[PDB]
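Please construct the entire structure, taking both the sequences and the accompanying hints into account.
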Amino acid sequence: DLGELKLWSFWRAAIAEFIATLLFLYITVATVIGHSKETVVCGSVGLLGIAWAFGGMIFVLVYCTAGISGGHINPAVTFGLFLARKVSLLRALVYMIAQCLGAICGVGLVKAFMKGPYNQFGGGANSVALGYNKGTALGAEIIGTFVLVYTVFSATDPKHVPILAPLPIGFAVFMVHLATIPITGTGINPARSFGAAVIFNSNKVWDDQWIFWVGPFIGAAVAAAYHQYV
Amino acid sequence: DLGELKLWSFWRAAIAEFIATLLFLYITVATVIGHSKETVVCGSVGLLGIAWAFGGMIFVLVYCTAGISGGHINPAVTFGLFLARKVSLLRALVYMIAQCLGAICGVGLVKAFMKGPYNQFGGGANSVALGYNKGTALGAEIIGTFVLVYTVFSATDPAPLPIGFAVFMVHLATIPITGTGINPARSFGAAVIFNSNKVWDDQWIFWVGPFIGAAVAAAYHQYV
Amino acid sequence: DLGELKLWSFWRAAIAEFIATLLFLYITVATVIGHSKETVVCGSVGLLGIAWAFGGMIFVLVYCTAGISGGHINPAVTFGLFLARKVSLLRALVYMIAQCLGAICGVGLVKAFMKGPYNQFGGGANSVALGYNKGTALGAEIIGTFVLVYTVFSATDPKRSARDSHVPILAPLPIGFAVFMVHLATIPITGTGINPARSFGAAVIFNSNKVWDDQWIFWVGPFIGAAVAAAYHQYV
Amino acid sequence: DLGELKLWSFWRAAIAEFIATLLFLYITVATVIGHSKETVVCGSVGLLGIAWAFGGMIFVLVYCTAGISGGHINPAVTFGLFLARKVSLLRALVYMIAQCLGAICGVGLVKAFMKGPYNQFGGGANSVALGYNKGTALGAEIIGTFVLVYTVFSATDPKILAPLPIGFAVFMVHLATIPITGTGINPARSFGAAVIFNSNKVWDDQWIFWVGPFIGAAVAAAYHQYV
Numbered sequence: 028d029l030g031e032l033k034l035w036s037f038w039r040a041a042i043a044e045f046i047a048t049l050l051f052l053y054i055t056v057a058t059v060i061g062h063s064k065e066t067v068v069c070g071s072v073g074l075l076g077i078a079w080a081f082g083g084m085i086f087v088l089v090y091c092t093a094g095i096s097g098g099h100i101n102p103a104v105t106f107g108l109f110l111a112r113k114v115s116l117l118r119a120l121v122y123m124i125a126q127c128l129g130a131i132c133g134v135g136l137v138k139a140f141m142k143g144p145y146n147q148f149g150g151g152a153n154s155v156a157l158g159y160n161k162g163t164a165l166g167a168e169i170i171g172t173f174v175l176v177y178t179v180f181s182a183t184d185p186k193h194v195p196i197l198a199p200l201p202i203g204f205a206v207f208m209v210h211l212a213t214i215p216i217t218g219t220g221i222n223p224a225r226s227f228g229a230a231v232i233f234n235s236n237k238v239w240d241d242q243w244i245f246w247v248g249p250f251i252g253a254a255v256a257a258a259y260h261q262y263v
Numbered sequence: 028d029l030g031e032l033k034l035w036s037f038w039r040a041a042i043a044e045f046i047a048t049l050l051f052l053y054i055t056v057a058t059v060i061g062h063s064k065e066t067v068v069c070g071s072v073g074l075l076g077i078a079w080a081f082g083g084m085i086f087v088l089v090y091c092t093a094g095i096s097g098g099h100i101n102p103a104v105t106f107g108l109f110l111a112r113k114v115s116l117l118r119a120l121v122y123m124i125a126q127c128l129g130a131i132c133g134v135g136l137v138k139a140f141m142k143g144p145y146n147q148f149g150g151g152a153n154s155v156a157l158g159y160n161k162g163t164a165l166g167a168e169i170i171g172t173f174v175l176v177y178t179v180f181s182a183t184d185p198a199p200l201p202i203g204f205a206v207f208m209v210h211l212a213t214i215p216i217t218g219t220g221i222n223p224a225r226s227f228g229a230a231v232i233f234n235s236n237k238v239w240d241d242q243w244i245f246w247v248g249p250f251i252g253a254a255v256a257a258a259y260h261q262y263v
Numbered sequence: 028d029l030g031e032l033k034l035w036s037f038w039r040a041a042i043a044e045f046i047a048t049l050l051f052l053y054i055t056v057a058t059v060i061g062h063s064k065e066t067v068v069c070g071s072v073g074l075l076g077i078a079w080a081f082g083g084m085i086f087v088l089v090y091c092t093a094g095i096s097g098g099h100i101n102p103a104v105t106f107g108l109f110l111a112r113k114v115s116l117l118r119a120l121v122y123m124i125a126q127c128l129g130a131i132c133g134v135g136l137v138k139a140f141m142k143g144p145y146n147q148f149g150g151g152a153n154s155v156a157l158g159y160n161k162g163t164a165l166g167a168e169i170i171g172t173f174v175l176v177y178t179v180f181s182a183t184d185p186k187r188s189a190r191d192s193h194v195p196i197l198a199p200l201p202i203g204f205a206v207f208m209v210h211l212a213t214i215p216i217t218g219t220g221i222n223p224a225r226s227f228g229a230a231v232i233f234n235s236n237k238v239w240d241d242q243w244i245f246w247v248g249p250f251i252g253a254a255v256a257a258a259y260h261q262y263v
Numbered sequence: 028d029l030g031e032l033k034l035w036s037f038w039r040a041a042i043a044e045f046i047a048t049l050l051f052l053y054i055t056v057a058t059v060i061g062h063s064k065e066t067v068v069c070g071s072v073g074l075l076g077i078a079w080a081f082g083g084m085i086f087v088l089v090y091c092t093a094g095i096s097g098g099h100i101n102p103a104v105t106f107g108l109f110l111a112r113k114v115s116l117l118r119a120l121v122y123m124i125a126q127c128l129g130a131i132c133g134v135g136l137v138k139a140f141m142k143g144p145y146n147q148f149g150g151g152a153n154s155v156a157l158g159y160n161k162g163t164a165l166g167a168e169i170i171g172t173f174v175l176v177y178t179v180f181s182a183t184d185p186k196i197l198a199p200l201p202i203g204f205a206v207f208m209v210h211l212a213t214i215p216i217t218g219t220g221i222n223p224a225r226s227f228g229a230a231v232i233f234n235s236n237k238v239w240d241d242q243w244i245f246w247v248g249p250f251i252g253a254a255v256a257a258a259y260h261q262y263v
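Chains as they are written, first to last, in PDB author numbering: chain D, 28 to 186, 193 to 263; chain B, 28 to 185, 198 to 263; chain A, 28 to 263; chain C, 28 to 186, 196 to 263.
The set of hints was computed from the structure by calculation and includes no laboratory data.
Straight-line alpha carbon distances no greater than 30 angstroms define the calculated BS3-like cross-link-like pairs of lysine-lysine that follow:
#  : chain 1 : residue 1 : chain 2 : residue 2
1  : C       : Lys186    : D       : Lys186
2  : B       : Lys237    : D       : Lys142
3  : C       : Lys161    : A       : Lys64
4  : B       : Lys237    : B       : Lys64
5  : C       : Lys161    : A       : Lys142
6  : A       : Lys142    : C       : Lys237
7  : A       : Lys64     : A       : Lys142
8  : B       : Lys161    : D       : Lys64
9  : D       : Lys113    : C       : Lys186
10 : A       : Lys138    : A       : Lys161
To list a few chain C residues with every Cβ distance to chain D over 10 angstroms, as calculated:
#  : residue
11 : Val121
12 : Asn160
13 : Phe180
14 : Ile251
15 : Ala258
16 : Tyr259
Here a beta-carbon is modelled for each residue, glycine too, at the ideal position from N, C-alpha and C.
In structure tokens form, the structure reads like this:
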């Protein structure tokens with residue numbers, strides 16, 4: 028289509044996302060830089076804390092948007108739902124733009140607030156973990172994103194975007210970070226990966242960026258399929 | 028307005044808050060001192076543990092004081108709801124006093140049960156990080172409180200596990216910047232008991248930041 | 028009174044408790060040794076882990092009992108509920124015995140798996156931790172137990188005219204938490220008992236004079252905290 | 028009763044399990060190597076993080092299935108339910124095969140990815156630990172599995197399972213059991229990593245990770261008799 032401009036109710040939805048993806052990148056990267064600025068060892072929340080920031084914020088945010096926009100906060104979630112015709116192309120694109128914009132903004136106030144540490148320690152930016160190759164990173168993003176989007180589909184509440198459960202993704206995000214943080218820093222979310230690439234602006238991070246789009250999009254589509262066979 | 032002194036139903040609500048905010052500052056600062064007061068590199072709950080004490084106690088307390096007073100435990104929550112024509116001025120003020128009083132009470136005891144450790148380690152009071160500025164602290168309190176009050180509004184059900204979390208999360212980001220306030224009574228209580236010039240000097244941030252975050256919090260649900 | 032020795036239905040309830048309090052002391056003290064027994068820097072689940080074992084097991088166990096016997100797992104919970112007369116004297120006593128017995132068994136079952144570690148690493152006992160005095164310990168047990176029993180009262184519902192054990196999920200996640208939280212504040216003070224059976228079981232198995240000397244605190248503190256709460260739910 | 032293959036409404040269920048047990052062994056062992064590899068003091072997730080990966084993934088996965096396959100992800104869960112004729116022998120066997128296969132794939136997906144560090148750190152496979160004997164390990168698997176299956180039975184419905201309980205019921209057992217047996221309680225989970233890691237010591241201990249959970253499961257089931 029291309030004529031779904033049903034006033035008020037939607038150019039709102041795209042703003043529900045915005046503000047959402049914003050406080051998502053804030054909190055998390057606000058906690059990922061918190062990590063490293065560490066003068067003393069075993070004195071921060073630790074990677075476990077980082078994993079919780081990501082999972083816990085997706086639980087909180089999907090709870091808050093749930094019946095307003097649906098609660099995507101993530102272009103690969105939007106893409107999976109699109110690829111099932113559970114949303115339209117126009118809504119999908121509007122959402123993805125609002126998410127990528129919000130993401131950039133979040134890793135901004137982080138920047139201001141926290142200067143020096145932001146460019147001193149990875150900048151929440153996602154690059155391939157020293158040691159593994161691009162194929163491994165990609166594979167880990169695929170599977171990671173599959174776990175997320177498989178949970179979302181089952182998190183689809185049938186009562193024309195659908196509602197979404199949260200404690201499940203809360204967890205479905207948390208879990209993937211526990212496995213995936215070492216290898217890539219864990220993305221599973223093209224807007225999250227894009228935002229910090231824009232703000233951190235490093236050649237190495239831009240070089241790896243394609244993985245954080247292609248891996249999640251594939252993992253997401255593989256979901257619509259698992260939800261096609263069955 | 029003097030429009031209310033209701034037989035039961037309210038001079039109770041202000042007591043639901045009291046006792047609530049009390050065990051809130053107890054538990055937490057009771058856990059913020061028994062980490063600092065540590066001799067085993069690792070053995071202390073871990074900042075992560077502190078963050079859980081704050082989030083987990085707000086989950087428990089809002090659960091208990093849910094249908095009994097609105098479950099505020101926090102003047103910035105009360106203020107947001109007030110600025111929402113969801114609470115009256117008189118109730119709001121009574122709540123904030125009951126919260127600030129309960130908060131003071133919480134700490135005092137911690138500092139009786141363990142005067143030494145408490146005294147020797149910053150009294151769990153909320154100050155400014157030893158490497159940033161007042162503008163950053165304020166900004167971090169604003170945003171932090173926005174995350175909390177935005178969750179509360181959506182946590183209206185004409198309610199817990201969400202704030203449990205909404206508090207927990209903000210502490211994970213904010214503990215290294217201010218100590219994570221987002222709660223003027225929590226910040227006031229330990230300033231009263233710890234009584235340090237540096238902590239009193241920064242105290243305004245823990246009122247103004249949350250009140251602002253709350254007000255932009257009230258209104259985001261205005262353009263939605 | 029004395030007639031609720033109702034075939035099946037109850038001499039079962041007292042067994043629901045038993046088996047419960049058993050796997051409670053197992054898991055936890057099974058995790059309190061499994062930490063104290065380290066060699067590598069920060070290689071144990073962490074005290075945070077211990078706090079979770081206690082809170083998380085009370086969530087799981089109250090979930091499993093609930094509509095099978097109420098889900099007490101704790102003489103101070105039973106005592107608070109008794110002091111509201113919503114569990115008769117006879118049921119109360121039967122519960123407390125079943126809890127204290129189960130507790131001994133659990134722990135014992137650990138000293139049985141990790142004979143060596145156990146003793147030499149603290150015994151999973153509840154004492155006064157170096158530094159503080161008996162008055163502080165008592166105060167911390169009182170308040171700690173108040174937080175627990177206040178949560179329980181509010182964790183009570185007028186829901187069972189039809190069925191429970193399978194109802195609109197909540198009742199356990201609150202205490203899960205209400206136990207977890209108190210351990211985060213109280214572990215450094217007296218390891219946190221808030222549970223006379225939990226404190227009794229490991230005192231029986233560990234059998235140290237210092238732990239027996241402090242034991243009264245783990246009965247009197249929780250009973251007071253329970254009554255204080257069990258009163259706050261009258262004048263509230 | 029074997030009169031059951033009725034096209035789709037099942038050769039699917041056995042695939043719900045497959046894909047489930049797969050991402051279960053992935054995530055976890057993907058996090059168990061992830062822990063063990065990290066150099067730095069207080070770096071990776073922490074044993075606490077590992078315990079969460081196991082518990083949290085069973086919560087997520089039982090949430091995603093259950094309502095359409097029962098949500099077993101575990102031969103000892105299937106076995107307990109079988110003893111309590113709430114499942115047939117044929118379904119039970121099909122499930123256990125699908126779980127053991129998925130597990131191998133998951134473990135085998137972990138390795139041919141982060142192999143270097145992988146092979147260096149016990150493949151995350153279930154073993155015994157320098158401190159306790161076989162009797163202790165077995166006892167700890169029995170009891171551990173009892174806690175799990177007792178929760179499952181109560182996690183049953185009159186209308196299927198409710199997760200946050202097992203989420204937790206798995207998490208808790210790992211906090212107690214990781215030191216002694218790196219926590220088992222799941223024959224497919226133990227089998228998968230034994231197949232991929234392929235060490236003589238791990239194959240020697242493997243029987244414990246079948247017999248312990250099966251006993252713990254039966255004891256639990258039979259608790260739905262005298263209860």
